[PDB]
Amino acid sequence: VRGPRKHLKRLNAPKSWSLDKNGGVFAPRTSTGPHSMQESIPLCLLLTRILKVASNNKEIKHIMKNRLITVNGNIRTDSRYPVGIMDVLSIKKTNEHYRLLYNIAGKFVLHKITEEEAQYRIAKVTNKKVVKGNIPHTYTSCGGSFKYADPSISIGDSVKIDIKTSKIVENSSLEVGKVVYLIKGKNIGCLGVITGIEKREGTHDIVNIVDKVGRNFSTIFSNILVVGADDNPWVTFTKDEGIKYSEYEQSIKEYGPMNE
Amino acid sequence: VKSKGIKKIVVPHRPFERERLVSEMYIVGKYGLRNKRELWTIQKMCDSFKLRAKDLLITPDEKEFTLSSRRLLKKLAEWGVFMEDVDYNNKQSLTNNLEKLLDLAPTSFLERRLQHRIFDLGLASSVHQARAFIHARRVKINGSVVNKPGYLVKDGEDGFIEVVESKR
Amino acid sequence: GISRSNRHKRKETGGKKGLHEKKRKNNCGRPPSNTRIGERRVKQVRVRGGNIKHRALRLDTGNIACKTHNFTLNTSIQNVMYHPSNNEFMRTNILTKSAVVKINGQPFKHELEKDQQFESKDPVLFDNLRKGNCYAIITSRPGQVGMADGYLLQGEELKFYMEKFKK
Amino acid sequence: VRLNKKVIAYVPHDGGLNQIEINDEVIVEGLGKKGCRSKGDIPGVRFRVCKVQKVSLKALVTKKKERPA
Amino acid sequence: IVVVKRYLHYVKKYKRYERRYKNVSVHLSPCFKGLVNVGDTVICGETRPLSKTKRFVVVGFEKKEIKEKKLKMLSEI
RNA sequence: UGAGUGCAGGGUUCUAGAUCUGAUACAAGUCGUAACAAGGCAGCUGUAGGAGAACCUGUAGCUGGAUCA
RNA sequence: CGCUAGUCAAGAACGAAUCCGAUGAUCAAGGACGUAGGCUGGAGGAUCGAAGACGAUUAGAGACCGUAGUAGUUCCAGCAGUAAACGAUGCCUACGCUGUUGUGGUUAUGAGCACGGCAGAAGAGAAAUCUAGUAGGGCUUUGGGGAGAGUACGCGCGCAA
RNA sequence: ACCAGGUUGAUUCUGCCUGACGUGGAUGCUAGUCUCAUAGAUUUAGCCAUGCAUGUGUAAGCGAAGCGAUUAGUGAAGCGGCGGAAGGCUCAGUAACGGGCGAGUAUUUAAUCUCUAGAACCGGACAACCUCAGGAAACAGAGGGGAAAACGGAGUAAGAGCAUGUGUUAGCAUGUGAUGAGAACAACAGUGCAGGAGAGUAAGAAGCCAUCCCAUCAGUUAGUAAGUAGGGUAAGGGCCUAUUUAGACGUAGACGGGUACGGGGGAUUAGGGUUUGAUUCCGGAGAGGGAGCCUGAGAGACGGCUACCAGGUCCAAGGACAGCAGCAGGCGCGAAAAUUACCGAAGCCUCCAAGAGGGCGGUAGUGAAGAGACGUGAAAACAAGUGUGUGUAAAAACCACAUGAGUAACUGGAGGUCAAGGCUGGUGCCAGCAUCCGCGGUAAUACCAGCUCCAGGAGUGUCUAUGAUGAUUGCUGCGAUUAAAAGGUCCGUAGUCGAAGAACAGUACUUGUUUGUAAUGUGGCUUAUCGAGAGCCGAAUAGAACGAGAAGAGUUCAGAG
Ligand SMILES: [K+]
Ligand SMILES: [K+]
Ligand SMILES: [K+]
Ligand SMILES: [K+]
Ligand SMILES: [K+]
Ligand SMILES: [K+]
Ligand SMILES: [K+]
Ligand SMILES: [K+]
Ligand SMILES: [K+]
Ligand SMILES: [K+]
Ligand SMILES: [K+]
Ligand SMILES: [K+]
Ligand SMILES: [K+]
Ligand SMILES: [K+]
Ligand SMILES: [K+]
Ligand SMILES: [K+]
Ligand SMILES: [K+]
Ligand SMILES: [K+]
Ligand SMILES: [K+]
Ligand SMILES: [K+]
Ligand SMILES: [K+]
Ligand SMILES: [K+]
Ligand SMILES: [K+]
Ligand SMILES: [K+]
Ligand SMILES: [K+]
Ligand SMILES: [K+]
Ligand SMILES: [K+]
Ligand SMILES: [Mg+2]
Ligand SMILES: [Mg+2]
Ligand SMILES: [Mg+2]
Ligand SMILES: [Mg+2]
Ligand SMILES: [Mg+2]
Ligand SMILES: [Mg+2]
Ligand SMILES: [Mg+2]
Ligand SMILES: [Mg+2]
Ligand SMILES: [Mg+2]
Ligand SMILES: [Mg+2]
Ligand SMILES: [Mg+2]
Ligand SMILES: [Mg+2]
Ligand SMILES: [Mg+2]
Ligand SMILES: [Mg+2]
Ligand SMILES: [Mg+2]
Ligand SMILES: [Mg+2]
Ligand SMILES: [Mg+2]
Ligand SMILES: [Mg+2]
Ligand SMILES: [Mg+2]
Ligand SMILES: [Mg+2]
Ligand SMILES: [Mg+2]
Ligand SMILES: [Mg+2]
Ligand SMILES: [Mg+2]
Ligand SMILES: [Mg+2]
Ligand SMILES: [Mg+2]
Ligand SMILES: [Mg+2]
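Order-wise, the sequence lines are chains SE0, SJ0, SI0, SX0 and SL0.
With the deposited numbering applied, the first sequence covers 2 to 261.
With the deposited numbering applied, the second sequence covers 2 to 169.
With the deposited numbering applied, the third sequence covers 2 to 168.
With the deposited numbering applied, the fourth sequence covers 72 to 140.
With the deposited numbering applied, the fifth sequence covers 79 to 155.
Please keep in mind that the hints were generated in silico from the structure rather than gathered at the bench.
A virtual CB, placed ideally from N, CA and C, is assigned to each residue, including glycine.
Incorrect hints may have been included.
From the structure, some residues in chain SJ0 lie toward chain SE0, with a derived Cβ separation under 10 Å [said to hold, decoys possible]:
| # | residue |
| --- | --- |
| 1 | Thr60 |
| 2 | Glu63 |
| 3 | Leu68 |
| 4 | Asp86 |
| 5 | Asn90 |
| 6 | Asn91 |
Start from the sequences and build out the full structure, keeping to the hints where you can.
In structure tokens:
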């Protein structure tokens with residue numbers, strides 16, 4: 002190919018967006034920005050599907066030309082702007098607030114929140130560097146950058162951000178007995194508490210988890226975000242609190258256990 | 002050409018086998034079906050359920066057995082086809098009932114078809130004039146007409162079927 | 002023009018390979034720059050991604066570092082004495098990395114004379130500086146960076162290279 | 072036409088030879104064996120005529136249709 | 079130096095294996111110069127290209143074994 | 001960096017050719033009758049001569065022989 | 001491979017409380033032997049006898065039969081590489097019923113070990129018959145309806161055939 | 001998970017031919033209604049008349065002529081900005097960075113995000129405008145004004161590389177320095193543009209593993225294999241060059257030749273298999289054949305430029321133009337494939353945009369390639385028509401109600417395999433039929449016809465490839481005394497295969513956890529009258545990361561032989 006790709010066929014787009022295969026050959030190619038393309042969704046899919054407020058391209062235009070929609074405290078005017086996980090969306094007229102989370106199935110979903118929960122988000126720490134003029138810096142998963150934060154924050158920790166000031170508020174590390182949320186894998190959207198961590202060299206660390214209704218599951222650190230100072234969670238999670246059931250369990254719970 | 006849609010019939014390996022010819026001839030005659038394709042279609046349907054029962058009984062694991070047995074038996078009860086007192090949460094009866102499925106016959110699927118139901122409920126003088134009332138819109142279910150003789154009637158729809166007089 | 006692709010090259014087993022594409026610009030090469038000694042002449046080349054590269058065709062002077070005493074000076078270059086790759090580049094006086102060159106010694110002479118131990122520490126350098134001999138080695142890449150820079154030969158480096166010059 | 076070979080072909084029907092003139096165009100077909108092989112009692116002939124002047128030979132012979140003229 | 083690595087390939091139809099090998103040319107440094115010789119087993123690490131064929135460097139070795147130069151009893155016993 | 005084009009060669013695939021020589025099919029033509037019966041000299045395998053033609057003759061072998069003696 | 005003596009190397013089997021310790025099975029490529037007839041050079045030449053020549057027999061015999069007759073048939077030094085070179089049954093290694101008869105050693109004289117012949121049985125097989133019973137033991141050669149064809153072209157060996 | 005007919009006067013075997021059944025193309029005859037898919041791939045990557053497929057403007061870069069004005073305004077020729085490197089078409093070439101799985105460097109990246117973040121003066125032209133005015137056309141001249149956020153210079157911030165300290169390695173210190181800039185505007189209340197550091201997207205180069213036929217192709221290679229040093233590139237590297245070392249690859253098939261877009265997948269199938277993949281998704285290559293190239297963040301671009309070779313077009317003869325493996329369409333070639341149709345609507349992409357553009361895409365028309373559901377009467381009482389409404393971008397079809405009525409089957413067969421007539425008339429080894437076996441010489445259930453039956457049925461016959469039949473290719477699973485088939489005998493390398501006893505180790509081996517699959521397929525549920533269809537769910541192959549078990553395999557030992 003002579004240069005950069007512009008289009009995106011409908012069968013190639015992420016299974017997390019959950020778009021119907023048969024209607025048309027194309028899907029919206031996300032603009033470059035905060036999260037990766039595989040870990041985010043364009044804004045126009047949210048307004049037409051996840052939270053229905055438009056039904057046609059003429060309406061999608063009008064909503065943003067009138068400057069109505071705010072993401073992380075700034076007004077947005079690109080219809081193909083990417084939104085990702087733990088990412089406050091709001092309309093200042095009618096004072097609505099939402100976070101973006103995963104269903105138990107791993108699709109995307111908007112969750113309504115109060116104007117308290119709307120003030121902060123969580124991210125993971127990726128690198129630490131010193132910059133010209135001897136200025137310390139720190140960086141995060143979604144392309145965030147921070148000047149003169151607390152030096153003790155370590156790579157791999159997770160940090161809570163105040164959306165109005167754009168400063169770090171709190172820090173939590175990967176240890177036994179803390180709450181975790183699952184970003185990618187077989188168990189997307191599950192929520193649980195750390196049983197035990199097995200350290201590996203030059204390779205990913207393996208983390209073992211207990212679920213709130215008893216189930217053990219393990220995954221690699223690269224798929225986990227840590228979502229509380231010790232015991233209990235920061236953000237409010239969905240109507241169902243992240244318990245996943247097998248078809249087998251759904252049957253037992255529906256028709257009763259197999260008797261002797 | 003390769004294109005969308007399944008094929009629902011299997012052609013018999015021997016075109017002029019005398020025991021097959023005679024036994025097919027009888028069943029088309031008695032039930033007032035259009036041609037051999039109607040019959041062969043029902044035969045493939047019947048074979049499919051028999052295969053599932055075979056597979057369940059020979060499976061090694063318990064999770065699949067307990068899960069998929071229930072689904073199979075409930076489905077065939079709703080169609081009004083497999084009529085017996087299956088009890089759930091009891092492994093032996095599930096096995097017993099799976100074995101009773103293995104000698105199910107196409108006659109049982111035929112008798113759920115609307116053309117036969119209409120005649121059997123004494124709303125028509127023959128299996129022929131039953132078909133002729135399903136054409137020409139005289140037959141109605143839940144207050145709506147049904148144009149197609151092959152409509153398979155689930156268990157308990159029998160209360161809502163009706164006939165009306167001709168338009169003339 | 003010139004290419005850097007391995008299109009035309011044989012396999013490790015000695016067999017030939019067939020060609021499956023026309024040439025591509027993303028493996029283009031460029032002709033050599035042969036930097037000569039003379040009054041300054043430098044050309045600016047528009048490179049991939051819109052960057053600029055500076056190509057010295059003629060150079061007169063260099064920055065030369067003294068490593069032991071920690072100072073740097075700017076001086077004229079006379080001629081090439083030795084070149085490790087090819088005897089030809091010496092006789093035609095072409096400048097490259099790792100060429101050994103004669104320079105004006107007087108600025109270095111004026112500085113090194115201040116140290117009372119100088120004669121005792123390096124007698125062969127001292128002798129050379131008296132006789133009007135001053136030798137340095139080029140470290141920059143003139144065809145890439147657009148200028149020449151180096152360090153003054155001292156101690157065992159003199160003892161090594163002087164044996165390459167002599168008839 | 073496709074090879075510039077000259078070949079022998081058989082003409083199937085009762086009065087079939089009468090439906091063909093010299094310099095007519097004919098389409099020609101296989102006898103149905105695994106390799107190209109002789110069928111029945113005809114020695115060394117490997118093809119048969121199918122259509123004459125764009126029309127079915129079966130229709131010509133049985134007088135169901137007429138020559139294009 | 080040339081290193082040989084060996085393995086088995088499974089052929090599904092006949093339900094059996096065939097032996098295979100590949101040749102890799104590796105860089106040996108002067109620090110190992112006297113110590114490594116033909117038949118020995120060697121550990122190599124990956125790097126950026128060093129030449130047309132060369133991509134690995136010898137990083138250490140396991141010397142082809144002797145358990146013992148077996149004991150001879152004294153004539154006195 | 002090189003398109004095109006001179007002049008010699010090769011490598012492939014097809015095709016022409018006076019004349020010679022195989023094979024196959026020849027309803028039944030001409031000359032004999034070599035094999036199948038001890039087929040009228042028991043047959044056959046190797047090798048070497050000879051001959052209108054099947055074949056005949058020397059030498060060693062075999063029974064699938066007309067002899068389990 | 002068949003007369004008698006003398007001489008020179010190596011092998012098989014048997015008896016037994018000898019020594020070494022995995023040195024082994026089968027085999028593309030490569031190498032050595034191979035009746036007879038044939039070929040290159042020397043020695044020799046009794047008997048027999050391709051070719052060639054006659055006498056008979058026959059329609060005709062060029063053949064069969066008889067007379068005669070040459071190359072060959074023998075030896076030394078080599079080339080060649082085929083046979084119904086067949087028990088038409090590959091080589092190691094197993095598990096397997098009885099009676100009888102041989103050959104060579106050894107013997108508690110009761111028998112064994114190696115190499116054979118014969119006659120039944122049981123299984124097997126399309127039968128005839130059985131080197132063919134039982135069997136996912138190992139390794140090599142090899143066939144896939146008749147013909148054309150073990151023929152054409154190319155290649156390797158050979159003095160030629 | 002299946003057989004049948006055919007060597008003989010009969011029999012039992014070996015063995016092959018033929019029938020019976022899926023699927024991809026071609027074709028004969030016949031054809032009522034509605035719904036879902038798909039169409040010049042096979043032969044010539046052959047040749048092309050015509051029309052269309054790429055352009056974009058605000059309150060907010062510069063604004064000439066014209067119109068008009070108490071020294072206002074207007075409305076815009078050109079310039080600048082951003083795109084034209086995506087999508088669409090095809091499979092020629094390539095046995096290979098062409099393909100699958102991991103990893104993130106030795107690299108460059110306009111737009112976009114987060115943090116941060118800007119005191120600058122001067123000068124000409126180019127295009128349009130104005131006056132002449134050339135050329136058959138295509139296309140151009142003189143002369144004179146005049147702008148920019150366009151362009152070139154000045155100062156000035158900044159600043160590559162080199163050297164030494166200190167912190168791998170950013171950073172900081174010191175010495176030395178080539179180079180060397182910069183956008184604001186509007187208020188409907190905003191939109192831009194300079195520098196850095198990190199992200200995000202896209203390439204370039206790399207690691208491992210798998211890949212077709214011929215031995216009547218056995219030796220191949222000399223930038224070839226390596227080293228030291230340098231040039232070159234965005235970057236590692238024989239990528240290229242100088243002097244030294246002789247390597248590298250092969251019977252476990254090198255080298256040569258023939259052939260091929262590769263996967264996800266498709267067809268058949270009890271199991272083990274055998275065949276195919278131009279063709280909705282991903283990646284690669286091309287634009288008549290070869291080769292060079294400017295501009296740009298990005299092309300060795302062809303709806304850009306330049307030259308040759310093969311072909312064309314217009315001329316006033318001097319010159320000019322052009323490339324349908326885009327969408328319709330034409331000619332050829334063949335046994336082989338649709339309309340020079342509508343589109344401010346759906347899905348997406350492009351711009352300076354409350355708007356403009358798109359043959360990309362959607363909508364219908366055409367055709368028995370494929371796949372669903374139903375008509376052709378009932379015993380009292382039956383499609384297809386028509387009119388309104390709906391439906392859509394506008395339509396047609398579909399569906400609702402209301403009117404008329406009484407229309408609607410063919411293809412192959414009837415001696416055996418193989419379902420169904422020794423019926424009647426012609427013909428007499430003729431004419432014909434017959435996959436195979438076989439019929440006909442005047443008493444033909446087999447030809448040519450009439451009449452009755454049979455089979456499938458809006459469908460049925462034929463030809464051609466392939467899978468099955470087939471244990472006639474044999475891993476599972478065939479044969480070699482006489483049917484086809486054990487080398488004349490030894491030695492022997494590569495190759496394949498190899499005691500008992502006591503111990504040992506974990507790379508194969510098996511298994512856990514975690515990754516690895518959109519569509520298709522598999523197990524399900526829910527809504528279109530029903531059924532294909534549509535929508536949502538669950539699990540999954542090969543391949544890779546980390547642990548575990550030690551029977552078999554492997555390695556060692558000798559108070560074992
Ligand atoms: K004879
Ligand atoms: K001899
Ligand atoms: K004679
Ligand atoms: K005579
Ligand atoms: K004689
Ligand atoms: K004699
Ligand atoms: K010999
Ligand atoms: K020999
Ligand atoms: K032989
Ligand atoms: K013997
Ligand atoms: K046998
Ligand atoms: K020959
Ligand atoms: K017979
Ligand atoms: K057809
Ligand atoms: K093709
Ligand atoms: K003129
Ligand atoms: K074009
Ligand atoms: K076209
Ligand atoms: K067609
Ligand atoms: K429709
Ligand atoms: K008929
Ligand atoms: K008839
Ligand atoms: K008759
Ligand atoms: K065969
Ligand atoms: K076998
Ligand atoms: K032989
Ligand atoms: K022993
Ligand atoms: Mg490429
Ligand atoms: Mg005779
Ligand atoms: Mg005789
Ligand atoms: Mg011995
Ligand atoms: Mg002799
Ligand atoms: Mg042998
Ligand atoms: Mg044969
Ligand atoms: Mg096409
Ligand atoms: Mg493209
Ligand atoms: Mg096309
Ligand atoms: Mg090709
Ligand atoms: Mg400036
Ligand atoms: Mg050189
Ligand atoms: Mg393909
Ligand atoms: Mg291209
Ligand atoms: Mg080009
Ligand atoms: Mg293009
Ligand atoms: Mg299109
Ligand atoms: Mg019958
Ligand atoms: Mg018949
Ligand atoms: Mg056989
Ligand atoms: Mg025989
Ligand atoms: Mg034989
Ligand atoms: Mg033999
Ligand atoms: Mg339905
Ligand atoms: Mg073992």
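Please write out, lowest number first, the hints stated earlier that are contradicted by the structure. 1 and 4
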